[PDB]
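J.: Here is how the chains run, residue by residue.
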Amino acid sequence: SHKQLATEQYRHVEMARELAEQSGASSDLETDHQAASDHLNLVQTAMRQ
Amino acid sequence: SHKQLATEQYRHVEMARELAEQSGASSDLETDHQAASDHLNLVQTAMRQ
Amino acid sequence: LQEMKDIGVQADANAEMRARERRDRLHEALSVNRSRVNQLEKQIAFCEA
Amino acid sequence: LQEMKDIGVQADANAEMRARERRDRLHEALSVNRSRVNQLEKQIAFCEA
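Chains as they are written, first to last, in UniProt numbering: chain A, 298 to 346; chain B, 298 to 346; chain C, 1039 to 1087; chain D, 1039 to 1087.
So here's chain A without its partners, still in its complex pose:
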């Protein structure tokens, strides 16, 4: 029992040390997609012109 749980904890630590990075990357990507939508709007405007 004692040896099982510590290893399980370490595996979970690894998984969290992946999730946090995916989260930060996702937020940065959100900003990037906002900028991309801005570019889309610029193109939209350029259509009429």
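You may find that some hints are simply not true.
[Said to hold, decoys possible] Computed spacing ranges between beta-carbons, pair by pair:
| # | chain 1 | residue 1 | chain 2 | residue 2 | range |
| --- | --- | --- | --- | --- | --- |
| 1 | A | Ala317 | D | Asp1062 | 25 to 33 Å |
| 2 | C | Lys1043 | D | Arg1074 | 29 to 37 Å |
| 3 | A | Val310 | C | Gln1077 | 17 to 25 Å |
If you're looking for bench data, these hints aren't it; they were derived computationally from the structure. C-beta: ideal position from N, C-alpha, C; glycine also.
Got chain A sorted already, so can you dock chains B, C and D onto it with the hints?
T.: Same frame as chain A, now just chains B, C and D:
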């Protein structure tokens, strides 16, 4: 212990329900905010012209 | 000028920055609310499990 | 035309649709990534407790 389990079940049901409500609210707000940003861009264009 | 009439937006500068402020704070408030809802839902799942 | 080139956008309808579709797909994929992070964080919490 059976009575405590039943009571916790009740509490859980209540909270889950209200949170479903809030999730729906958040989605509607998302749509609203899309429209909002569109409006902002429109206004900027009007400025320039 | 006909194009200004077509767009129809009154688009005043005061209104301009005001609108952008309103909508941007609205975006961020939305995101925060979504995060809070997610947090609470995770708590509820904890309790159920 | 000088205005066109100052904004510098190519302003071709085909590229406009393609870019907008790609950015929308990236929005959706990123939302999927955030959701995935959420579910895996839920799993982290469950396992840890």
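J.: Taking the numbered hints from earlier one at a time, note which ones the structure violates and give those numbers from smallest to largest.
T.: The structure breaks only hint 2.
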